[PDB]
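First, one chain by itself in structure tokens, the form deposited without the partner chain.
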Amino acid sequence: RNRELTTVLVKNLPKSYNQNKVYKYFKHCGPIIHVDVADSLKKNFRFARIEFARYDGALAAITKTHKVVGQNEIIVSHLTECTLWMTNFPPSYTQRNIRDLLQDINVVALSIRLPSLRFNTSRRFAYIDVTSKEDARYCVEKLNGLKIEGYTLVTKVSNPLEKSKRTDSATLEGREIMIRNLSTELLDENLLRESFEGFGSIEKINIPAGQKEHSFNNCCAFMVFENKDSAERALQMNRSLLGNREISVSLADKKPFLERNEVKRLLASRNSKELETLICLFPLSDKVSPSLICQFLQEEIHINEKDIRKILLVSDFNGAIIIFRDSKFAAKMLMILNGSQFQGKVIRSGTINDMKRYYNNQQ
């Protein structure tokens, strides 16, 4: 997709102009996907961002430049060089928090867009459209490197082609193997290097701590190769003997896969001791993180942080699982939370099956 290509910026709309009036003014130009309106800094006029379905619609809108709306002469232009990409804001930061950051440095924000957590609960970044290239460069100047709650903010002029390499990229790229069922005697970086370096250059070896120290029967290690072909061929070591131990070798799985399989175990659980310690909250937006939910439980419901064991998203049923420390606390939370308000919307509480039944009814 290319949002920018079909998006235009409108400057100097009348104070009285709302999203609806913007639609009516421009809807003859072509079908519109989205409209945002924002006040100017001093509230004397309004800006609009209009995302058209197709490029021809954006072209048609631009023919309205220097036309008069009310008694305001508007300017319509391609939205370009006005988009920031931001990451590593705190886990509980909201769209409003980001908007307020820019407000503080006197930058008008037209649109702030956050990603779905559906397939990865940890996703955390945002796109922000401002009204000028100057404001965009100013946001980078003031906000890139800003420390917020211990997090060093990243703020960039948006260009996905320039994206940084993630620190976990080796796993994403299929270059990391996991070796399982090593004995403590074999849990030795030198031995692992000697046994695997024939396949290709080894970039890194990671051995989880505490394994020898706790005398584990089976130990694991991870090995990153400089290229994917070496890691693939190293899989031939699966089921091979190292000393007198048959080892397993596989491509390391990634976190979102592992995390989802954990949730699946819960959804399939029939252990009543376990089930009675949890509740589900639904329906919830798929943009809502466990951290945001935790903050809500602590600040609005006055639950203590340590009464909460874990929060897991179940976005396939528009919900989240909250695991508490006992069934009695869970039961009281069931009562308190049902019908409470979260993000301006009423939410329900219930069992896993209640959550599923509610979802099925909406479909």
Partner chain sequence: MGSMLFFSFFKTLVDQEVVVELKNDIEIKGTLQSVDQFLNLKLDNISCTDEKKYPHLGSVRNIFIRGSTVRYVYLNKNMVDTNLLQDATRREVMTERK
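Positions refer to the first chain, counted from 1. Throughout, rigid core stands for the largest set of C-alpha atoms superposing within 1.5 Å between the two forms. Compared with the form solved in complex with the partner chain:
- Considering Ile148, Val157, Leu235, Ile105, one residue stands apart with a C-alpha shift of at least 2 Å between the two forms following superposition on the core, and it is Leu235.
- Relative to the superposed core, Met223 shifts its CA atom by 2 Å or more between the two forms.
- Comparing the forms between the two forms on their rigid core, the Cα displacement of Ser195 reaches 2 Å or more.
- If you fit the rigid core between the two forms, you'll see the Cα of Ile207 move by 2 angstroms or more.
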The other form holds:
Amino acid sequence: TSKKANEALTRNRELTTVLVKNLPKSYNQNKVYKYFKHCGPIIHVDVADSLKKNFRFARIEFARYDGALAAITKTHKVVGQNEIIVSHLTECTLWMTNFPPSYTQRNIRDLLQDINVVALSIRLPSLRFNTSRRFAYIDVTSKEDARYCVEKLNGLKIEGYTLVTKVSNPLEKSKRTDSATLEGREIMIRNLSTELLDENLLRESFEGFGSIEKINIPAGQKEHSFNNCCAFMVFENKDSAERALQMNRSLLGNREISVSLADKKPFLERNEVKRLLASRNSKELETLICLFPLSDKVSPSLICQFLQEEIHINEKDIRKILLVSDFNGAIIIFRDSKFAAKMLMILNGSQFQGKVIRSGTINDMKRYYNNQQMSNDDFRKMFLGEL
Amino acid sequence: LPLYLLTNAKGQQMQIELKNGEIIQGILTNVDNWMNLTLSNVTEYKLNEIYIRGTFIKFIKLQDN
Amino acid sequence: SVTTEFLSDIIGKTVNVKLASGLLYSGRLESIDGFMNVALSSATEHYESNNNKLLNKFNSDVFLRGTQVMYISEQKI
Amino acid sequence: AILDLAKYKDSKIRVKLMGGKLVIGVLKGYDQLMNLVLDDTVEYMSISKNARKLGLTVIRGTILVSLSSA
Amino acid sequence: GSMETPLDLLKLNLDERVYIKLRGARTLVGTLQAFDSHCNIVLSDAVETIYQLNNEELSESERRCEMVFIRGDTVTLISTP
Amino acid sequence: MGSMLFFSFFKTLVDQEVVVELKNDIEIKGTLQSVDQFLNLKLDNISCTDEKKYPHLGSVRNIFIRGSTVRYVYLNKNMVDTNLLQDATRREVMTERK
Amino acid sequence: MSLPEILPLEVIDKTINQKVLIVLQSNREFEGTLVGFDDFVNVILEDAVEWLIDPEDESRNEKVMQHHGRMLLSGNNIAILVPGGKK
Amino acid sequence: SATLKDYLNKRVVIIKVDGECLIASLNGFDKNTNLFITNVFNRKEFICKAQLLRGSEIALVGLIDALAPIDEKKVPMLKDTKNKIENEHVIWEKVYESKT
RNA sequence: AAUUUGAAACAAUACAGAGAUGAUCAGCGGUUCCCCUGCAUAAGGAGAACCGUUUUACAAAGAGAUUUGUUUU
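Form deposited without the partner chain done, so how does the form solved in complex with the partner chain look?
Next comes the full complex, this chain leading.
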């Protein structure tokens, strides 16, 4: 069995993380560092304002437990003229999901602010391996604040999205709505004819392999009279789907179909990006630009949103936005090469998330990344002398 | 493709007109990726070798071969 | 380094800037960069020497291309 | 890269240079960028009457256009 | 404090009429719309002036144009008219 | 590395009629078809302007031009947003030296 | 036995604070005290003499200017460095 | 993208910076426009077949259609890319006194 | 080891931290290299980069080979 030493790694997190309460208004992140760096090597420091802005909180993630203990010995010391308190940060962490795709850290801080909850730390995930990732861990200042956030924020509708707010505990994680695809139970059937795009016929043709949970036929295939149609079929267990792959290269009706396990989206996007990065054509590449350098936490919705709110680009001018974290950048694919060229001109040197970014072609993005990674006689005499 | 042709051209007779309108007549013995040369048995317009800085080349007349 | 310290302690002094073409510019060095681009206020233009016939007197800042610059020197005369 | 100056490391060479200058002298040393140290240097401008003596010199590798034996 | 580079100071002249002296005894005057670190320039409402020597008398001719790109390598100096 | 500005500028003028005047005094009317990182120009359906005094071509409809031989590129005011050029320029000089 | 080598940039280093003559590609030279240089052999000279040089007769040389203070002489056109200066 | 692909193995007119035209066939090229060309002749006795032209010296490549039509010889003779006039300073002092 | 089209990637986006990943950004075989545990040597530790090899549904069409100090006079 694989065991839950998740409780191990979470205990490590709390155990080596401290909360410092009641630092002076004038105390910044740097001064927190100087005050505590004698306690032990520090991994991270967060500072947050109090509710009435009269003092500050700090979160310090220490490398090792002895450092957290040393930090806690500072409880009831006096800083400036403020008496601080140092304690382990515990049962003060939320996991939040399904905020709107365009919410930023500031939006989340302000969300908690609206109900008079100070947020000490908001931690967003890397989009390296899945561009769609969207959740957050939030450390607040008390166990009560955590319970209040769950009571008030779980189920709240924000921009049409039903928010999820939970007291953080990874063991309680929900089963995803796409888990069937993630689990390898969903097959994709390709190269069906229009005559064959029929749920009943597919059930008779595939149900021998195992119980079918679901059949999805993408819309628009009959209406646009496609030569080739696709369908997706989810089986209740992995063994059934695997055995159903034997229908590959087999005859169905009067057509020859392909059948394979459905790939997941992050995989498909990376293969699209891999295809793009190796390209030597030019009609497609000349319609896209790159922005760099960017945090691997920046989602396409934020980049699209940035183009709309800061650059005033029309939604339908953007064909696609793809992340390229191996070069710390992002690709924006537009509708014509002239518009792309003009966006290239407008965007280079602009500010995003408070930092100046540059635009350019793919090779430009790669290059930037790689680059960041006395008497004549006297003189004659010494030499002559050696000879 | 051109520097490739010079690489294989190793051992050919050649005439090199430089920016200074001087001529060199010799037998290519080495080029590099920057187009510098060394050539065997040479006429300036007497020498056995010569090194020619590629930036100072106007063009090279090769053999019809 | 010796060069960057030179650029630091010649800001504001009067200089002569000679181009490769032999044109000579005199005036107060308002700005200089690493590429030897120059901005000069009150620039006179002579050929080769300040003692020759005056070609131009300039009334605003003149910018000069570093790629064309042969030398820059302090004027003490 | 292509020419090992060591074979030329102590004889008189003929060096043509970019601005028209011709220089002859004994090769004392060199680097990868083809900067050279020459002794007994003579500088010719563009025959024999156009001759200046310079003694010990360094020719900048950046303006070298051709090198040969002398 | 800090360091205005000559390029930065020249960008202070953006949208204004400038005087450019070019290689080959030629000068332009126009309204500076753009330039880069190579001194490539886009001038609007420009006026080129070509100066020549007939034996011992100075003669000139002029061209005028709406919008003109200028390759930096021909530029010897920039100032104001 | 930098530049970019005029490269992007020219990418906006592809399919516009321009006149390229060269260091050799030759003037060429043509349709911009492509540009590269060195600002080499490929012009389609060319004709020598000023005068066909420079007949040396005649039987030439599309030319490649080495960026380093260009002296002037004449354009029309209709073709350019002078706001984008001034804004982009202030951002770019800022970029090349920082 | 094998007596050591001379490296050009090392010679130029050994010329700092001595007199030097810097000859350009054209018929022009600057004599002065070498203050320092950079990677590209841009040179800082102090109280430099600027000469135009007659090819036939070294006496009919022309002193273009006596410089005072320091000059930065761009290493673009620099053909030859002579430590100790002329003769 | 602007490559010299379309011009491969087709007849071409080359203008070199010296101000010399060339009729040729462009067999090869690199990303420095170093021209590998064959069956070159002026504009008009055949000089040769097979030469390397160095990109630095190329001003202009033009794509031609048929080799005849055309020939010429009473033309002011085209210049070079350099504009080394002569006594530019003389011209500038003339302009100074002209503005006085 | 390539591109374009048939060709529709569905299923409400989100649904558990660099605590993420399918060569998706990998495993394995090798080469070289940046420091430590240390006098040495020698376990082993933190690994980086290049080169072999292990993965890819079907069809058709046309065919990308450009390959990682010459362009700021």
